[PDB]
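The chain below stands alone and is given as structure tokens, in the form deposited in one PDB entry.
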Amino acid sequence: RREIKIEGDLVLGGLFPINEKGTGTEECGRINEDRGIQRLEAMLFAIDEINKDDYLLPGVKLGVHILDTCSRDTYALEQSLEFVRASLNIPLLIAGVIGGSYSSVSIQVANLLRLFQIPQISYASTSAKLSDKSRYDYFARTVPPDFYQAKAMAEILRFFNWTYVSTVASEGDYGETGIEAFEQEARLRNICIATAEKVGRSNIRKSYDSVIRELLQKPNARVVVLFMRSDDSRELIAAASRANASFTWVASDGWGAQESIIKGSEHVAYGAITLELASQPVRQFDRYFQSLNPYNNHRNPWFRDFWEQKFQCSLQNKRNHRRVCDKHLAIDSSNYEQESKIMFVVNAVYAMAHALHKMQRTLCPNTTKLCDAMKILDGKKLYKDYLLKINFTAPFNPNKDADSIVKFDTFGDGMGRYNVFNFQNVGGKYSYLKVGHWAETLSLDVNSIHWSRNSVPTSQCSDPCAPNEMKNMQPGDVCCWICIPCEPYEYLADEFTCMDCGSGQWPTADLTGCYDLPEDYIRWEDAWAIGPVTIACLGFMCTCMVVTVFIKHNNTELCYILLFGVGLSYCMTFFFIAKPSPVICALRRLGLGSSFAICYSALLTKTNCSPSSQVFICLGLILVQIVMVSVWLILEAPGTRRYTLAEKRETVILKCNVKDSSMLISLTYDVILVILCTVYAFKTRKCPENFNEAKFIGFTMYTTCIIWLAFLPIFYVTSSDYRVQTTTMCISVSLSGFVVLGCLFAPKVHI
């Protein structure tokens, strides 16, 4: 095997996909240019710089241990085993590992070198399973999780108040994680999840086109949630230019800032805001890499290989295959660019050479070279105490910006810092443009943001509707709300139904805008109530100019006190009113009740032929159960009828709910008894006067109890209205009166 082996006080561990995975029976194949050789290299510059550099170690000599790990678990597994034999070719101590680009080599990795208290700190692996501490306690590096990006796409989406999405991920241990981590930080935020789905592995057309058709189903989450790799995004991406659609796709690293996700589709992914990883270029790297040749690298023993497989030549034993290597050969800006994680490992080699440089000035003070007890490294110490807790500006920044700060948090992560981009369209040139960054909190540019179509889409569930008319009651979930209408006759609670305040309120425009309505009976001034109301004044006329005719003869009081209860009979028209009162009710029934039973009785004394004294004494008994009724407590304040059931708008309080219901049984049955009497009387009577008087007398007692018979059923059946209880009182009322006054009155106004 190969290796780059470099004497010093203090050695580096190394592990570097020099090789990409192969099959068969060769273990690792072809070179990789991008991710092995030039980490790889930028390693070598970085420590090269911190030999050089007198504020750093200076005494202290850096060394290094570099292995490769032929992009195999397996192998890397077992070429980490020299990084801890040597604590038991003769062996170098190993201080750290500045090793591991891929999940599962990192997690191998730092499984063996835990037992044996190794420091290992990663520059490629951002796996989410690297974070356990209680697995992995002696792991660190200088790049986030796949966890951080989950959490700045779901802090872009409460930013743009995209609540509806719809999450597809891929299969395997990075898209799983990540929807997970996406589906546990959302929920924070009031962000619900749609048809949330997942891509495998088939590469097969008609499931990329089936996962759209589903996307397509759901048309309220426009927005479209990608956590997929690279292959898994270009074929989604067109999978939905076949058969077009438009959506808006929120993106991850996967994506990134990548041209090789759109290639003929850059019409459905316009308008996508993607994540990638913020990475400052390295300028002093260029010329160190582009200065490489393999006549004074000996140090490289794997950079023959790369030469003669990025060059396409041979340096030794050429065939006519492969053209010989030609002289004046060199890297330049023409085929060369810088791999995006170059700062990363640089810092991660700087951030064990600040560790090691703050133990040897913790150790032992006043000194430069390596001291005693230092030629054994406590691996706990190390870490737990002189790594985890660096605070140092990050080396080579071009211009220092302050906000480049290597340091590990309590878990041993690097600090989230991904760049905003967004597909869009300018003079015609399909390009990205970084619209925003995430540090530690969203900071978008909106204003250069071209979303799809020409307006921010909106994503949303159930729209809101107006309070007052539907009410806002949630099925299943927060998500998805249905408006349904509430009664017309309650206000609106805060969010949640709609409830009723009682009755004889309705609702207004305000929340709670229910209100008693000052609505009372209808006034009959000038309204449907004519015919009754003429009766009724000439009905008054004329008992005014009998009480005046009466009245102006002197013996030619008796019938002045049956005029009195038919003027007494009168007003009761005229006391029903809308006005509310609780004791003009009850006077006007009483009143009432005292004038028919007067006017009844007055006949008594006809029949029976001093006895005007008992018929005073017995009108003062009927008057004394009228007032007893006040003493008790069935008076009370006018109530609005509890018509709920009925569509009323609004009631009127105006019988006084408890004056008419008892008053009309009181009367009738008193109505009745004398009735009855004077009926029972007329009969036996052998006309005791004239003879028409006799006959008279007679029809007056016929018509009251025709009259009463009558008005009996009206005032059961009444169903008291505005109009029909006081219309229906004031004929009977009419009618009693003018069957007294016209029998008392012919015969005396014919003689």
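Positions refer to the first chain, counted from 1. Definition used throughout: the rigid core is the maximal C-alpha set that superposes within 1.5 Å between two forms. Compared with the form deposited in another entry:
For the set 547, 390, 313, 363, a Cα shift of at least 2 angstroms between these two forms, after rigid core superposition, holds for 547 and for no other residue.
Residue 51 shows a C-alpha shift below 2 Å between these two forms [criterion: core-superposed Cα displacement of 2 Å]. Taking 2 Å as the criterion, residue 32 does not count as shifted between these two forms: its C-alpha moves by less than this amount when the rigid core is aligned.
In the core-superposed comparison between these two forms, residue 655 has its Cα shifted by at least 2 Å.
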Contents of the next structure:
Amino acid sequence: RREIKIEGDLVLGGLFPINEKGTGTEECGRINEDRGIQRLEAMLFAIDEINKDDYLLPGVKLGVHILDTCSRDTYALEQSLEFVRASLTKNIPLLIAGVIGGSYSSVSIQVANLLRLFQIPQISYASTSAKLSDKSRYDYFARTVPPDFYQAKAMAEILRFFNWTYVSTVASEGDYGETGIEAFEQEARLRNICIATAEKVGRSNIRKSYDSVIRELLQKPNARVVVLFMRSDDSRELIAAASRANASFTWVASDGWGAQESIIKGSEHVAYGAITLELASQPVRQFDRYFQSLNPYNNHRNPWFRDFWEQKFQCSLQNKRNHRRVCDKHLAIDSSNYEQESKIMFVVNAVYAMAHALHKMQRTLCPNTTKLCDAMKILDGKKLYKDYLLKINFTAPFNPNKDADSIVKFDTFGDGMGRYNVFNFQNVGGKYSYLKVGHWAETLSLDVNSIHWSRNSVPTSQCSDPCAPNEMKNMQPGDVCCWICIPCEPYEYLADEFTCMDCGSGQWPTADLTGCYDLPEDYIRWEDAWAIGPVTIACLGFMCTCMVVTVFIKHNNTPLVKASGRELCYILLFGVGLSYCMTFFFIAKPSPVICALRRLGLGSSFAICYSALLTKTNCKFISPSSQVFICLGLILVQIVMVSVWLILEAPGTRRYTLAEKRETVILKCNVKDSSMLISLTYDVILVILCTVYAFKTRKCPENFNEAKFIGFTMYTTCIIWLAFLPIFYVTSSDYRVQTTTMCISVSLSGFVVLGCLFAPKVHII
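Would you mind generating the form deposited in another entry now that we have the form deposited in one PDB entry?
We keep it simple here and write out only the one chain, dropping partners and molecules.
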């Protein structure tokens, strides 16, 4: 095998993918001209720069022991045993202060697993696996590049910036895509971002699974943003599938897509507002001059350089010199077009970080001299790592390329700080090319002007607009996270932010729709349309009572109708006066006592009617006394019946679901008193009918007019009872008209029964 050994006080290991992965016949293959040779030359250039430097390791000269991994984990594991064979102390071995890690994640994982046992620090330049951040398994591993979940964090931040909550995610098979998609799921659920579909493209499929994935993505039109954390060939396949289909999606991609033109080739219409993340890097201008001035004759340090030269230019060296072509001095890298790899600055940073750690340990442990001393002969990997590698703070070796984030340092897990570039595929004059629109070092710095507002108009990626509970509620029919508005009734309130609750007839929902409040009470008739109605009604009743009292007072001297009828006329006057109080108690505020007084008014009216009927039954003082006792007993029986049906007077709630308004009206007391009122009103009608039949008028105690007056008053009671009988049933509402009609009718009856009785008194006098 071929190896690179350079003498020096301290030797640093190195592993590069110089040869591609072995085929099915050989263990190795063609030389990887970009990832292996360029990175090896970058390491050699950095080592030479450090060796000829004056302020970094002035007295210690660094050597290297570089090995070829052939892009295989097993080959790298076998080769890395040469690093640990020199630390046993039990082909001269060379001490290895540190090993520069491999490129592929599996290679780095295996190398770290082997090196953690022998306490050998490792710094990688291209490994971006989240598994390598586990310090319980890779406590001696570090890397100058950030892991791959920082890309997921950047995607989540970008989605949150544009207010995109309902997005579709597509990943690939393996471990990179799986880890990235799980990290993105974690970040999205941390930032409250819905995931519409979790599609998978596998590893290698025919152009039908990609079409199925595209159709599945199109099955949810609400999500117009697709999040891609997926490889650099399956991405092209998916783009081709979406080009074959008619779809318009905005892609949020990863470093797999980046700014590469391989994805966009042949399908430059589907991708027009895509967001792609790329690892930020800077070109080391000295490295281009160093590599362009390299020849297969003046560079014998690299054993792989001759084969790389003969493969790149397809010529033959001095081995045959005439096989296919002559590798003359005309062929050179300077004349040919040369592009620096995007991960050269990372290799340079890793080498310089190792050199800085060694310099710090030399200054600390071995002061007073700039030379390798006894105390620094053996290298303590654990102390060196944990004291001088995770605590580095030095600017980029080739920072003259202006940039604020040129500091090279590691976090607690040894990973580098994520500095990503946000790109956008845009148009200028028909030319299709990318354009940087921001960067993600620690926070978003997007230039919205350059993004063209993410294609024509800002795309919408939300599942329905936010829904205000004050007017309508929301539910989740099939989607757990997002919601669809459902109207909420004005008589219901949102107890929770998902469900509307009903106050009921007891209370009304509040304006804020966060609870119930005491609904306005029943309508007050004091300030209603008939505000002066009871006042006018009582005025006539008061005047009639005053006139009756005056007549009774004047009746003491020279009696006219007081001859055995004084008790009857006093009872009639008392009933008429009680009617005035009865008609005024209806408008009183709803109270059990108020409605009890209202019922007592009807009872008093019935007693007055009974007394009026008794007046005709007269045709002495003992017999009038017996009649007074009889009517008093009748009134007592009426009061007993009133108390019988007056038991546990309920408040009498009304305004049920038939009439559900803001204002609910209620009665004075329980609404079960209709039957009691009907029964009580029957007694008055019965006694009026009995008096009408008994009004024979066959005897005149003093004059025939009195019998005629009694008969006329009997007809008025029957007329008012029969006329108001239909109104008893049809008027069954709490409106003002129902009560005012009844009070007016009873007041008119009380006035008409008393007006005719006063006529004989004036005529007699």
